[PDB]
Each structure stands twice: as C-alpha cells, then as structure tokens.
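Visitor: Here is what each chain is made of, one letter per residue.
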Amino acid sequence: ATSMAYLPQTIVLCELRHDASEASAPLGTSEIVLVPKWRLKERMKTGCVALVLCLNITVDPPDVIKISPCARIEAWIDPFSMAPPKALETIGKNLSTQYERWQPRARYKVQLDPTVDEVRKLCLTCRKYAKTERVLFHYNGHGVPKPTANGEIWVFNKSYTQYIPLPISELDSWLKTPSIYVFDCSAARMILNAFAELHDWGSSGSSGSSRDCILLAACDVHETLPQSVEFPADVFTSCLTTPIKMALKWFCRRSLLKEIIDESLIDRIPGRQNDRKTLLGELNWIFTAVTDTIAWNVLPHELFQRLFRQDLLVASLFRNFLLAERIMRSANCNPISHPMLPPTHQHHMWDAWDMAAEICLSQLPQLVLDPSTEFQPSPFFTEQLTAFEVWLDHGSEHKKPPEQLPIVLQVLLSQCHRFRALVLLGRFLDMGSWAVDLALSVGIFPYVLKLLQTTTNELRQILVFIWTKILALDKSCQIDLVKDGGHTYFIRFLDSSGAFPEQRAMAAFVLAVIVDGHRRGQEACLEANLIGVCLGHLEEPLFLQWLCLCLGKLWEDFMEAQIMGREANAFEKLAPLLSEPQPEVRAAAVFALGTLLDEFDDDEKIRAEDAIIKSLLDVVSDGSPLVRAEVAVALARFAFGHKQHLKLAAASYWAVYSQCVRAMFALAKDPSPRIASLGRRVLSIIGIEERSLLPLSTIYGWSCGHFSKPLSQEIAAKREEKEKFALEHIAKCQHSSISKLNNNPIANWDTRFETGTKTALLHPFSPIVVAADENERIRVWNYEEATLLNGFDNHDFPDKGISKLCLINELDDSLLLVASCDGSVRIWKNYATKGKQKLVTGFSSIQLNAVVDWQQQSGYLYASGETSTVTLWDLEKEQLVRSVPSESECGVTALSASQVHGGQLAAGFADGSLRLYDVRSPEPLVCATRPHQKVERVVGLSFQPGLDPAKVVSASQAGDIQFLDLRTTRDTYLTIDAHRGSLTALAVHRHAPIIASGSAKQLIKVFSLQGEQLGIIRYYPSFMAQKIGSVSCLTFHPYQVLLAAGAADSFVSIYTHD
Amino acid sequence: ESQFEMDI
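If you read the sequences in order, they're chains A and T.
The first sequence maps to residues 61 to 599, 609 to 667, 680 to 735, 831 to 865, 957 to 978, 985 to 1120, 1129 to 1339 in the deposited numbering.
Start counting at 1 in the second sequence, then tack on 110, and there's your number in the deposited numbering.
If we strip away everything but chain A, and leave its shape as in the complex, we get:
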C-alpha cells in the first residue's frame, strides 16, 4: 500500500562495473592474459613408405606352424593361387595400394624377400626423399623366424638358403628422428623392447621415450599370430590398412555365426569410401567417428594431439590400431604401440559400431538384388547427438568431458545434421572457457573456420555465436580468420538481412578482436568498409558499446583508418554517445575518439583533433571512474603529441592547451586513487614530476569479459526480510507513545578522535554505528557487542574535511557514502568487515563547505555548499543530470532530500533563509521563506516524519527550531527555543514523532514533535578545556527510538527511551 513510498526498489552501484572481492578488474587493471596449450603447429607429413615382405612361399619357417587348415591369405590374396614369384608381386602391389588409400601423396617402395643390404638401401633412400618428413617402415616376417631377445629382425640371403638376422640398431641408424614402424610378425614386442634399449635413458618425462620414434607391433613377446582360417595371416596389417573389410568379415564369423549373411557381399559393398551418402562411405564415416571418439576419451590432450591430429596417416593407423586391439585380442594376441595407449577394447562405443555394422549388413542382401538406392542413412549420428544433449542438460558441470564431442565434430562435415550439431556445440561452448578449450582440443577450429564460407543464412546466427565464444577465450585466432577472409563473414552480419542487436554486438565484438593490434586485420577490415558499416548503425547500449570499441581498435595507431574516420564524420556520430546514460557507452566512445588522435596552422586534422580533445575534456569531470580513466588515457595520447605546447601552458598556469593542463591537475587530485595516479602519469609525460610510458586503455579488455561468460532467490529473501522489519518498526515508531529519554547512556565510547567526533550514522538493520573524525577517518563501532568492526582513512590527501555519511541500498547490502567538504564523494563496499573495504566509486560533486544528501528513491544525490547552485547527480547513470540555481546569493548550510517524495528537496541557508525545490520541474524553486528571524545560518533541517511535504527543519544557530508546513502557510506551525544561541546540531527522526538538538555549550535537549521536552543530556568534559562546543553528531536510528551523540572531546555516546 502507501508505505511502499518508504521502501524503494531502486538499487544503485551494484553493476558489473562496480565489481567486488576477487576482481578489481572493473577498469584500472589490464585484461587477463592467456597462455594456450593447444599449439602443435606442424601438420606433419609421412612423405615416404618402405614396404618389406619376408614371406618365403611354401617354405614355412621352423618355429611352429603345425595346423592343417592354417591361415595364409595376405593382402587379401591366396598366395597358393599364383605360384611364388607372381603371388609375391601381387601381394606387394595390393598392400601398397592398401596403404596408399590412407596417404596417397607419399612415395611407396616395396621390397620382396630382401637381403640385409637391400633393406639398408631401402631405408637409406627413404631418408633422402623425406628429410624432415616422416618415414613409414612396414615389416612382415611370416615366412622368416621370430624376432629375437637380442633385438633382431630376420631377412634373407640371396640364394634363400639362410635366414639372416638384421639388428634393430641398424634399422634405427638408417631411418632417423621422424619415423614410424609397423611389425606384422609373431613375437613383435621383442622388437619394441629392443627399440627402448637402443638409446640412453633420459631426454623425456613420460614412460620410457625420447625420440620421435613410433612403433606398432602385432602381438606380445610370448605370442604367435593366429593360424585359424577365420583370420588371414595378414590380420594386423589388414586391420591397420583395410579396417572396414576386416571389421565386417570378423563380425560375420564371430557374432551372427556367418551362415545367414553371405560373407562375399562384404567385397561387393556398394559406394565408395568418400561418399557419406553411399553405404560404404557412410560405414567408413561411422568407423572413423567411432574410433576417433574412443581415442579422445581414453587418451590425454597431448598424446591424442600427437597420434590422432598431427599426421593424417599416423592418425589413420592409430585409429585403425584400435580395431587391431579388439580383433587380435579374440585370437590370443595383444598388440602394443610405443606410445603405449590405455586399453580401448570393450569400450562402450564399439557397441554403437556393432549396432551400425549389423544394421548395414542386413541391408546389404537387398541392395545387391537391385541397385535400388534405398540406402537408409544410419541413425548413429542422430543417436549420439541426442546423448550429447542429455549431457548438456543433466550433468552440465566439469564432471568429466561429454564423450560425444569428437562425434559432434564429424557431424559438421556433412549438411545432414550440421545445424543441430552447431547448435549443440554452441550450447556447449556457452558453459565457459573450459568447454571452448575442450572443443579446440578435439580439433573443431579449422572446420568451424571453413563454415565461414557457407552462404546458408540458417547457419549464420549460430556461427557468429560459436566464434564469439572462441575469440572470447583465444584472441590469437585473429590471424587465421583474416588469412581465410572470415572477417568478411561478420561484416555482412553487421549489414544484416537478419535482425537482433544482441547478435550484432557479437559481430562487432568478433571484428574488434580480429582487428585488435592486427595491422593486416585493420587493413582487411578497412578495405571492407567496416568504418562505413559501423557508422551507419550510429544514426541498444551493448551494441553502441561494441560499435565504438570496433571503430576504436580499427583507427588505433593506423593513420590510414584515422583519415577515413575524419572524412566519414566519425567524430560527429561518436560525440553524442559521450552523453549516453550508460558509463560503458560513454567510456567506449571516449576510447574511440581517443584512438582517432596521432604556432597557428589549420589542416583537416587539426580541426578534428581540437574538436575531439574539446569533447573529451568535457567528460573529464564525469560521475563514473570508468569514463574518467578512458579520458585520462586519451589525454595521455594527446599529451604525447603536443608536449611542447603543453609544457608552455604549464609554465603560465603555475587556447585549447590551457584547458588540457587544468584537466591533468584535476585528474591528479581525483577522489578515485587509480584515476588520480592516471592523472599523475599524464603529468609526467608532459614533464611535471619511450611510448611505453603511455598508460593503456582498459574499457575494451573489461567489456570482452561479457562474452567470455555464459549467455536470485537468496537476494529477494534478505530483501523481504528487512522490508518486514522496516514496515513493522515504521508503524511502531509512529504509534508508540514515546515516553521520556533514559539519561543513563548505553555507551560512552572513546573513538580516540583527538580532536573529536564530527559526524555519525546508525545502521537500520544491525547494531552498528559509523563515526567520522575531522580528518575523515572512519570507525565502525558495534553497540551490541561493544567491539570495533573496521578502521579507515577515507582518502590519503593532506587537505581533509568530513561533510556527510549516508547509506545507499539499505535494503540489500549497504554501501557507505562519505562526502567531504571539498565536494568529493566516496562510496565504500564491505565497510563493516575487519579490513576488506573496497572503494566502489568516487566522483567530485560540485564543479566551499560542501553539503550533501542522498535520495535512495530517485537515485539522486544532491550536493551544494558555498556555491550559487544545487548540483544534481543521478547515480544510476553516474552523470551530472542538472545544475539548479539556488537563487539565494549566500551559501547552502544544510540540505535534506525527501525520502518519500523523489525530486523534492529542502535547503537551509547561511542567512537563515529556507527553500523548497522540486528538481523535476522547469522552475525548480518551489518556495522561499525566512522562518526564525535571527540572521544566522541554518545548522540543520529535515522533512517531518510522514507522507506530507511539511518540515521540522530550521534549527538555526540562534537556538530556535521552527516547525512549518509549506502547503498552507509560510509562518511557523510551532516554535521551540532549544538553546540560547550556539545551536550546533539537529536530529530529526525518520518515522517517530521526535527530534533532538545540540548546543555548543554542553547540552542535548530531546523534544516531541509537538514541543514537549522529552529529555536533557549534559555532555560533561573529561579535562578542563571546557570545549564541548562541537556537539556535532546527533542522529536517530531509522527504525528505532535510539539517539547517538558526540562532541569536541572524544566520546560517541548512545541513549534510548526506556
């Protein structure tokens, strides 16, 4: 109902630019610099391949064999179907054609049943071809004996009478640093166990590595390859080189029991490996996706990046190796790689492959009956995208990565489910920096970089979002976006057939990052008319912010863009933003105007640069430190050019340059100490006390924080908690018949203010006093616990003077305003903590004996003093909304804003006069009256407790409190003569009908609103100076009948009414 007038919802100074404990980020400090770990530059190439084939045909080595069925198919050929020399040719050809499909642009060399010297040359030659590039050595010892414990491969002599051993040391001497080996022989570990012992131990911090020597062995030390006819001899090679063919042929014999499904249809599968819209290519695609996923969840960032991203062939071999892991296992063989890798067999994900290969192979019978192209695409991708969704909703933390992530990647490659994958990816990127780091670890970057070439307007809104998130984390993608012409993508999105300025802010932000200190990005965006595009929209606050930050970064340190800025009238379109309500907008405008910069002469630029610096000097005295900081950096920039002019101006002070010097010295004494040190930097650049000395802007770096971040119920609980206490105790104050004062004080607290207490303030919702010295020290005393809670120095400047203490946002987390006699205002968070009290904002109100009052309702701060005007500040905007002429011709001594009626204000004057204002009116002065007729200053005043514009007001120093309501009559309601002269303080309650006055004799008289003397208190001195003559602090508790009083001695005493 009506008492909602007492209880405002206007919160103020609780935005992200006023941030609290962990971050002093909110300007001043530079942005958080990044150090990435996803940087393997070298796309590595396996440029040469050496195939070696030791299979003496129908000459089994004397190691085991025995089996009557025994397997001997190789490269999918029966070697007993062509006679030795042509069989061994065909196997050599097929096997290279097999490998060649994985790396078609390497060079391939085959050698069949070779001598040691032939192999010496093979390997020596493969070095010379691919110098830095990797070499692949494939060895097949099926017709020779098993590798040794001495570390040996077996090869032949010319006449084939002997098996000649070939030391691993010699192979490793012929091939060198970048190389990879495949061994499809029996006891193959044996080779790797030799390799590990070749070189001295050291040169790494992994298991037992050093070089770039990669090894793929077919089975263990004690193991022999399978002889069963269900497998070939070629199992490991066939897994690594023909994975699909093997995976299905295996799936037939094992799982389904083979006899329903003709196994030779696997040779005749329709389509090619390329076409994802054919049954072969799509099955190949599912396999890639399945296997790539098993690797990513099983392996760590680094090892995954080395084996599965770096080298296209190594990627494929180690991918296909995970199939060997599984198949070989079923045939009593346990293959190993040198970078060892954890167990991957029977990972959940092989189940999803098995499902899809069963759904494929049942379809295969009918597709041969006729090429019908009734090829039903597999649900697999849809199914896994849904499992990623499930993860994103339920379990949306860092509770171990999503697993479906490398499948989301594969889906981006075809249009089939691209939009939803991109949607789910963005949704995933949105959860934070950690999730971007994960996306870029999978290898999403270049695929999402390619999609900036897609014209499809469906994808554009999601692609901007994805790129925002990436560039919010990693600024360095700058280089790659410009080199591929991705910058044009976002400029078109700024022109926009589409709508939504939240999306266009992103687009402006993305371009700001692309450009930021990137002279090729500046140049590329300048050629695309980004100035013109941006300036077009300058004819929502976030969008205006980023339109400026984009232009700012584009101008910066680039005379060609600056010239385009002037002649496109950037100044004339930017300047009106300098007076926008949001400090974020103003500060950004200042940054942009700032980066356009860099006797009697006029050319084009001097007009612009004079007009720019004039407009920036106009916002020197701004309410928000955010803006002032930017103005100070832009002044430093301007100062850097015109040092000679500005030195001569500093001589005479101690046309436009004289204004500049005032602004430096004004900034040098600013109430925000970071702004103050900024101004002191500018002074030292001028030489009042190499481009590296210039201070650097922060608005851009702060604002980026928005995007590097996702895109309540306790807050409202403690809000309503206090509202209950307020409304209940309001009624109590009013309706309780307030009996006499209890003269026995509850406290007589020694502040140790040597000079004494000058003001104080009671807290509404807790047992706290705040008191202040004449030199603006602040103590936060507790009157229920009898304990100190904090100690300050409000500012470190030598010229002191306390003027006022107020509470802003009483209803949720109070901030302590501390106004000073020079007009500066400082508002403090966490003032009740032991010593963790940050300065939220400081601005100089009044541009003296300043007098200040805060109107929580309207968000207005009123300030004035020995000035002709009452200055009006709007702390939601942090602007000087209005300068109201007092129309007095003497000083404002006291100043009370109405807590009920926003805009309305009472003002006590030095001559004893008294004025109402309605600051929300074309004529602000409502009425002007004397009351109390001695010509002495109005030491205090206030609006009468209630919902009317009446006024307890006008305690004059002459001694007389005068009551008057200015609706009906000028003359006084009621006079009370508290003191014979020397009235030094007044205290008027917010709700209870009660007042108290203070005397510069010794004395405190409490009165009813009607006039009854409810109490007298005499503040007695402690030694005999007889100086209790600044009984200055007198203040009632907002919601309780509790007085607080302090003098020109040292004791802040509290009293109550029984």
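By construction, these hints were calculated from the structure, which means they are not laboratory data.
Mixed in with the good hints, there may be bad ones.
Unchecked claim - Examples of chain A residues lying across from chain T (beta carbon under 7 Å, computed):
#	residue
1	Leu372
2	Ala447
3	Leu473
4	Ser474
5	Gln513
6	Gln725
7	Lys728
As the list claims (entries may be wrong) - With beta-carbon atoms standing in for the labels, derived distance ranges:
#	chain 1	residue 1	chain 2	residue 2	range
8	A	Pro225	T	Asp117	48 to 56 Å
9	A	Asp322	T	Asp117	49 to 57 Å
10	T	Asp117	A	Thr118	17 to 25 Å
11	T	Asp117	A	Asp327	24 to 32 Å
12	T	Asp117	A	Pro403	33 to 41 Å
13	A	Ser263	T	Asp117	37 to 45 Å
14	T	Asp117	A	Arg579	32 to 40 Å
15	T	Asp117	A	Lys460	30 to 38 Å
What the hints assert, rightly or not - Here are some chain A residues the structure puts well away from chain T; computed CB gaps all over 12 Å:
#	residue
16	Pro402
17	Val832
18	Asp1199
Cβ coordinates follow ideal geometry from the N, Cα and C atoms, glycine included.
Following the hints, position chain T against chain A.
Guide: For chain T alone, coordinates are given in the frame of chain A:
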C-alpha cells in the same frame, strides 16, 4: 588441407 573432409 584438412584431416577430415568437409562438404561446404
């Protein structure tokens, strides 16, 4: 020169 083939 991408690892997996894209269809733009």
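Visitor: If a hint holds in the structure, say so; if it does not, say that too.
Guide: Structure-based check of each hint:
The interface hint given for A/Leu372 is met, as the beta carbon of that residue sits about 6 Å from the closest beta carbon of chain T, less than 7 Å. Violation of the interface hint for A/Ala447 is found here, the shortest Cβ-Cβ separation to chain T being roughly 21 Å, above the 7 Å cut-off. The beta carbon of A/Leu473 comes within 5 Å of a beta carbon in chain T, closer than 7 Å, and the hint placing it at the interface holds. Because the closest C-beta pair between A/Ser474 and chain T is about 5 Å apart, less than 7 Å, the hint holds.
Against a cut-off of 7 Å between C-beta atoms, the interface hint on A/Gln513 holds, since the closest Cβ of chain T lies about 5 Å away. Because the beta carbon of A/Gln725 sits about 55 Å from the nearest beta carbon in chain T, more than 7 Å, this interface hint is broken. About 58 Å separates the beta-carbon of A/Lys728 from the nearest beta-carbon of chain T, more than 7 Å, and the hint is not met. Range check, A/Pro225 to T/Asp117: about 51 Å between beta-carbon atoms, so the 48 to 56 Å window is met.
Distance hint check: the CB atoms of A/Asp322 and T/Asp117 are about 33 Å apart, inconsistent with the given range 49 to 57 Å. The hinted range of 17 to 25 Å is not satisfied by T/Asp117 and A/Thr118, whose Cβ atoms lie roughly 49 Å apart. Distance hint check for T/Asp117 and A/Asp327: the Cβ-Cβ separation is about 28 Å, which falls inside the suggested range of 24 to 32 Å. Range check, T/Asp117 to A/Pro403: Cβ separation about 35 Å, and the 33 to 41 Å hint holds.
Here the CB-CB span from A/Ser263 to T/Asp117 is close to 43 Å, well matched to the stated 37 to 45 Å. For the pair T/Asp117 and A/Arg579, the supplied restraint of 32 to 40 Å holds, since their beta-carbon distance comes to about 35 Å. A hinted range of 30 to 38 Å holds for the C-beta pair T/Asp117 and A/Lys460, which are about 32 Å apart. Distance check for A/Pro402 against chain T: the nearest CB is about 23 Å away, which clears 12 Å, and the non-interface claim stands.
At the 12 Å boundary, the C-beta of A/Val832 stays outside the reach of chain T, the nearest C-beta of that chain being 54 Å off. The beta carbon of A/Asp1199 sits about 65 Å from the closest Cβ of chain T, which is more than 12 Å, so the claim that it is off the interface holds.
Hints 2, 6, 7, 9, 10 from the list above are not met by this structure, while the remaining hints are.
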